[PDB]
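Every protein chain but one is kept in place in this view of the complex.
Going in written order, the chains are labelled A, B, C and D, and every chain counts its residues from 1.
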Amino acid sequence: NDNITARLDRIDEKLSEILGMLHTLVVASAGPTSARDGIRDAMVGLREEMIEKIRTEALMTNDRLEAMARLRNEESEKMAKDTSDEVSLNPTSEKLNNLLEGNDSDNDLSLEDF
Amino acid sequence: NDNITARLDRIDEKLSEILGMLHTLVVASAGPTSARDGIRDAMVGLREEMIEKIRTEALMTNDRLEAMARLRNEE
Amino acid sequence: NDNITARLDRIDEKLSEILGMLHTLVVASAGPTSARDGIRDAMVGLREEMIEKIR
Amino acid sequence: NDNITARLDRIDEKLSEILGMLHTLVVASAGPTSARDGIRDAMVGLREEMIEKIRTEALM
Partner (left out) sequence: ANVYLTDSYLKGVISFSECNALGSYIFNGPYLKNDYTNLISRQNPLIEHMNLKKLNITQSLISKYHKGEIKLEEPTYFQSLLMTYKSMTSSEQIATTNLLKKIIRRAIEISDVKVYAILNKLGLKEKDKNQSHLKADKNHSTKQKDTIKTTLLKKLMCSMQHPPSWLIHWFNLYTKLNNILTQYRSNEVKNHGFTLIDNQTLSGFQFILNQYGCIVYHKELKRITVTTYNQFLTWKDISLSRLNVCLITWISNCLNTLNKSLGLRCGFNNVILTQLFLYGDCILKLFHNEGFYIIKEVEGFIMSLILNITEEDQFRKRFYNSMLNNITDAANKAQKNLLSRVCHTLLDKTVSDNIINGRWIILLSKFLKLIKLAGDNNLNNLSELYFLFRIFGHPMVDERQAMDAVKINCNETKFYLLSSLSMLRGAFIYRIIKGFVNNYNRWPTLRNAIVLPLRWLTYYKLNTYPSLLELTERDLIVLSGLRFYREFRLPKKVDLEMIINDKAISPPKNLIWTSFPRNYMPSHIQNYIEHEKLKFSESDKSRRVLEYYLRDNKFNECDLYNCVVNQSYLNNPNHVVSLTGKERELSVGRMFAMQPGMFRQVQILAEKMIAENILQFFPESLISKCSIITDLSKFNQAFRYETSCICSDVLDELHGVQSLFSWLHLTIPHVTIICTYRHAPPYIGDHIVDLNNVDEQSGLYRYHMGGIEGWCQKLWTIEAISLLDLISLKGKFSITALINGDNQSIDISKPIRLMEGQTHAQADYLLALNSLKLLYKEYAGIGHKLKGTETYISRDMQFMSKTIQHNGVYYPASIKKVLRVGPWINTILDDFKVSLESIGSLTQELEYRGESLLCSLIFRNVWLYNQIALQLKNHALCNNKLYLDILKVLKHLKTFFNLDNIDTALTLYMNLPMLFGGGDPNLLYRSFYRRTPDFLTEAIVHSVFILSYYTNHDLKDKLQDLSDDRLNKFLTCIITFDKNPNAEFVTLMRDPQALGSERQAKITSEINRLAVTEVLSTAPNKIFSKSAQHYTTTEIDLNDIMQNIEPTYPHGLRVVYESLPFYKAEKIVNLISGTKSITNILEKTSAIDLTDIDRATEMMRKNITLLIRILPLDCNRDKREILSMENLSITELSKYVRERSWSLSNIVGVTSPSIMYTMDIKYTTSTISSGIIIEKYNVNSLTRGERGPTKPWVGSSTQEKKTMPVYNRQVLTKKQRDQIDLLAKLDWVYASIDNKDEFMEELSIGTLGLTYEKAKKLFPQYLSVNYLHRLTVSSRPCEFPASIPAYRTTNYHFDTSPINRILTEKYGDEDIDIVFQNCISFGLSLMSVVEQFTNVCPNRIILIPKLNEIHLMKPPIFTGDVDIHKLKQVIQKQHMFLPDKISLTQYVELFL
């Protein structure tokens, strides 16, 4: 059967296209506009123009670097640092760590001095 | 056998309309200045479709309650 | 066959439903200035229609 | 006829997925903006309770 299966396959082609198009969507939350005097409605668009707007700062956002990398499915820097064998300490934290270890009683610290 | 194929053609035209609606939705909600200016200022016969869908839904909601009240009255 | 026509009807119902949902979406989002009054006027109209239909 | 039923079931399941996803989009699309214009009851529908109230006013 050629004709019926051909029509069926055209149906399935269009249908899978629609399904992919739907899986692509991204929806933005409601919010206030710049020079806030009213609430803009929630807008839904394809991903690409959305990320373009995030990149060109058309919408007020706290952080933009994480959002675009997260939408692009890639693991950013912070995430890796958040999930690692160990967490890189700070310089001042290194001073605290060196002062905690090595209890040689060199503090020469007077309670009245502080 | 052939009526099957006619039904499949009906399904094909319906899915094509659906795809057109999807494109229209995404491009209308994506359009930066196409929302206020360059607006369709149209879709009045679609409002009637949506309101009649809500009408049929409201009747379907109201029909089940009326069975219960009439059963209360009879029993 | 019987299974074939039954499933064709069910698929037709699903198509009608998705068409209705697409309709309400595309009409709700497009224009604020018109819908803001058109839809609620039509809603109070539907309310009056229900009152008169039960009456 | 077997392949007919199998392909029809595939189409059925995929249509169901489309319809569910579009439904959740419709629901989450009401939002605090449409509540200003009173269009919310339009998109999400009319539930039982209020309609029953209407029925009361219909009888008196």
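We adopt the following convention: a residue touches a chain if its C-beta (ideal position, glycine included) is under 8 Å from a C-beta of that chain, and two chains touch if they have at least 3 such contacts.
Touching the omitted chain from chain D are residues 9, 12-13, 16-17, 19-25, 27-28, 30-32, 35-36, 38, 40-41, 44, 46-50, 53. Considering the complete assembly, chain C touches the hidden chain via residues 10, 13-14, 17.
Although one chain is not displayed, chain A still touches it through residues 22-23, 25-32, 36, 39, 42, 50, 54, 59-62, 66-67, 70-71, 79, 82-83, 85-87, 89-90, 92-93, 95-97, 99-100, 103, 107, 109, 111, 114.
As a working rule, only the chains that are shown with their structure count from here on.
The interface with the greater number of C-beta contacts, when C-D is set against B-D, is C-D. Averaging Cα coordinates per chain places chain B and chain D 10 Å apart. Separating the CA-averaged centres of chain A and chain B is a span of 36 Å.
With centres set at the average Cα position, the gap from chain B to chain C is 4 Å. For chain A, residues touching at least two other chains, in rising order: 8, 11, 15, 18, 22, 25, 41, 44. Taken together, the chain C residues at the contact with chain D in this complex read 1, 3-4, 7, 10-11, 14-15, 17-18, 21-22, 24-25, 28-29, 32, 35-36, 39-40, 43, 47, 50-51, 54-55. Residues 8, 11-12, 15-16, 18-19, 22, 25, 27, 30, 39-42, 44 of chain A touch chain D in their complex.
Interface of chain D with chain B (complex): residues 42, 45-48, 51-52, 55.
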